[PDB]
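Starting from the known structure of chain B, fit chain A with the ligands onto it as the hints suggest.
There are 2 protein chains.
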Amino acid sequence: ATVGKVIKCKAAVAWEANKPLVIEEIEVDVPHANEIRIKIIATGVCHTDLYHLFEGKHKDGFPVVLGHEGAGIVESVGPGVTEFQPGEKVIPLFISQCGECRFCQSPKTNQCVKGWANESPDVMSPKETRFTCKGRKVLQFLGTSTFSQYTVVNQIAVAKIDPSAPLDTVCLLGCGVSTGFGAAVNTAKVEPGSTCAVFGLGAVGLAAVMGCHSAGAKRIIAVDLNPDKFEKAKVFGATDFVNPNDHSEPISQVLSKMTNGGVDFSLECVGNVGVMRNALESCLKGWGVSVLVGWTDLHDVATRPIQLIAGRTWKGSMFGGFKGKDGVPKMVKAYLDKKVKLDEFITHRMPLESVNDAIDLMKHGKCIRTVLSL
Amino acid sequence: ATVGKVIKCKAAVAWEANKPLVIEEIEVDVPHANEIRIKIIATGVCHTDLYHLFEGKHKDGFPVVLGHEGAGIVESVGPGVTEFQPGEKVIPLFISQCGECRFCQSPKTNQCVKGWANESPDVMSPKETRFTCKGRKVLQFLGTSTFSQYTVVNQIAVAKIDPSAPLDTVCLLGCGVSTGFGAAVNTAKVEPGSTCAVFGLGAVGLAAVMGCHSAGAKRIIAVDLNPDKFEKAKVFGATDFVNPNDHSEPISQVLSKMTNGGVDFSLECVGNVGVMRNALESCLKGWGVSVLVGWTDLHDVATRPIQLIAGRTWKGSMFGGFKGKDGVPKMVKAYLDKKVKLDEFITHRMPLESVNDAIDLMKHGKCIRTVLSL
Ligand SMILES: NC(=O)c1ccc[n+]([C@@H]2O[C@H](COP(=O)([O-])OP(=O)(O)OC[C@H]3O[C@@H](n4cnc5c(N)ncnc54)[C@H](O)[C@@H]3O)[C@@H](O)[C@H]2O)c1
Ligand SMILES: NC(=O)c1ccc[n+]([C@@H]2O[C@H](COP(=O)([O-])OP(=O)(O)OC[C@H]3O[C@@H](n4cnc5c(N)ncnc54)[C@H](O)[C@@H]3O)[C@@H](O)[C@H]2O)c1
Ligand SMILES: [Zn+2]
Ligand SMILES: [Zn+2]
Ligand SMILES: [Zn+2]
Ligand SMILES: [Zn+2]
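Chains as they are written, first to last, in the entry's author numbering: chain B, 1 to 374; chain A, 1 to 374.
Just chain B, same shape as in the assembly:
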């Protein structure tokens, strides 16, 4: 019925900044050369979707269909597409892997010259769109737009996964889980037997703890202001639990005492510059490594020159440093092989129509992840 034809379906639309989303009937165009049309089965809600909704003065960033944590099935492919075919399970990616540039061929990064981030980062979505609604063009957030029953993505931003994978759970691999896990594994490169510290225990932080654990860290200290987050952190692998509010001296001093000078690796999963500094200063001199995972821009992050001169290394990453087309398929298999957890992240589930309820919980830090059905 659908193949070779324009589709009419439902989608959560953000017509403008600071306004609740409205579920609309949109038209999805057929896939053009080097593109794939996907029927989305599930999608997580991430803090980056809210950042755009609440913090975008960029009028040209709207109207837009948000979402970048989904999983689905190939409905059709555009001209010149041999890589994919109808029926295969896939996961759209917010970063590209053209596989031909200087960055794609280097094992040191997951960067690329293609994608909206290089073409148009200001509006946070590609210039070209395959969505229309009430005669108006509606943008595709990060080139993924998973808050729609049907989406169209360029093949260099699509990962083919195991045909047995559960779409209503693996969808988190599109962003959140891969970010925390990879930051520990790929970026920090946590080693067996080491001591680690993770700041912030949301989905990114919890995934970071799981990453430290998979790498074989001997000690993993989970740090968070909210003591209600400790039980899940234990389930993911953390060995120690520290609440900064419980100590009058800076958190770096506390961790320093507990570890005899600081940890081997630390990861910031809050997105606060004051936490970013303490995270670095909590590391041991000589070989301590700290990774900025959480992000903000409103403010500069800073430290005293001696911190780095004494031997510490400061790094950062996007999407956990994973080269998408290679990393996501491996993570799907790891979950299926029982080496990686995912179910434990999903605290709420609700229909696409309840998207505003999901945004509110997230806004008030009332959940880890909320997965929506489409």
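Just so you know, the hints here were simulated from the structure itself, not pulled from any lab data. Any given hint could turn out to be false.
For identical chains, the list gives no copy identity; a pair is met inside one copy or between any two copies.
[Said to hold, decoys possible] Once the Cα atoms are required to be at most 25 Å apart in a straight line, the calculated DMTMM-like pairs of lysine to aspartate or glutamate come out as:
no., residue 1, residue 2
1, 285, 300
2, 285, 326
3, 108, 191
4, 285, 100
5, 5, 231
6, 257, 297
7, 257, 122
8, 285, 297
9, 257, 119
Coordinates of chain A with the ligands only, in the frame set by chain B:
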């Protein structure tokens, strides 16, 4: 004729901050357990000597004998010493290598648990001193105090060198040349065929240029506000020369445009937090590595989180990442084997009595290195 006796000799003493030095007759006590008494034959003047005297000026760090880039002959050793004997050529060090702690045992660092830094870091001198003058105790800068005919340094902070080494030149290895060269080769790990940028062209920056050349870099851009240094930069292997004042755009933009994005490796060798930020940002996304070498503890260094999240790495270096007793002897052998340059760093030579003149030259960037006779 001096063994077992207190020595009276000449030393340039700084009674207080911001004041010119005074050639005084001081008493040098006999070496205590595990210590070496050394007759200094030559010592260079480094900007770090000026930092304490003019910038930091820590109030409890005076009176003091500065100097930490010398070379000499062993005069006598304290009990427990078997590695050194009178008449052997040595180079004192501003950092320790006890060889038994966790840091000394790791190939990842040149840190140690001993030294003035681990007890009196802000003072810039150990708590104990072997110098006396006018019945007043006088501190030994960095535990080396080379602006004296005779000094006393603990053995873990002294490197023994080749018997045929020219003391009037190898003294540069005491700090400046090992620092710069090392920061490139050891800390940044410059790769063959890569592109680099060195900010600041004094002896440390010029040594950094040399290191980039030794590592086989394809392009080395020298950056300095004072264009008079470009000639020596070329001597040491630089391929490009940029004076920030000749461009309206911020320096980071000039470099990016010159390289189509940014350089692979960069190094700051000035001691200015603003320059430190610029060096980091002149690096390419994905795999760019920037290293701090300049010294200051009066201000914080900063940047935007995105700089690191895009794929950049920020590090710092202390004495070029060389393990004192291991690295220095090898650098001497390299100079003797015609693999590294040293003489080209020495632009001025003058007696100890002219110390204030050498300092003044440095103060006005009117020299690379001035080396004193005693
Ligand atoms: N690098 C990437 O690819 C990428 C992608 C998406 C999101 N992010 C970042 O991930 C960050 C967090 O994501 P999340 O979904 O887990 O968020 P979340 O809001 O679910 O969790 C954040 C946690 O941090 C804790 N916290 C806050 N201040 C703290 C402090 N001062 N000290 C200790 N703990 C503190 C909170 O109590 C909370 O438990 C965001 O800020 C975002 O910028 C990064
Ligand atoms: N990390 C260590 O172990 C270590 C060792 C030795 C020296 N240091 C520090 O190294 C720094 C330099 O030492 P030095 O003796 O070579 O100094 P120097 O004063 O001889 O050279 C500094 C050079 O930087 C240049 N410069 C100043 N501002 C600049 C700018 N804005 N842009 C580009 N160039 C600029 C100056 O013109 C000068 O040529 C100092 O801060 C010193 O304290 C650290
Ligand atoms: Zn690419
Ligand atoms: Zn996200
Ligand atoms: Zn020095
Ligand atoms: Zn040691």
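Going through the hints against the structure:
1. 285 - 300: The answer is both: 23 Å in one copy and 18 Å across copies each meet 25 Å.
2. 285 - 326: between (34 Å within a copy, 20 Å between copies)
3. 108 - 191: both (18 Å within a copy, 14 Å between copies)
4. 285 - 100: For residue 285 and residue 100, the Cα distance is within 25 Å only across copies (17 Å; inside one copy 39 Å).
5. 5 - 231: Answer is neither; intra-copy 49 Å and inter-copy 68 Å both fail.
6. 257 - 297: between (31 Å within a copy, 24 Å between copies)
7. 257 - 122: between (41 Å within a copy, 21 Å between copies)
8. 285 - 297: Only across copies: residue 285 and residue 297 sit 17 Å apart there, 27 Å inside one copy, limit 25 Å.
9. 257 - 119: Only across copies: residue 257 and residue 119 sit 17 Å apart there, 46 Å inside one copy, limit 25 Å.
Taken one by one, the earlier hints fail for this structure only at number 5.
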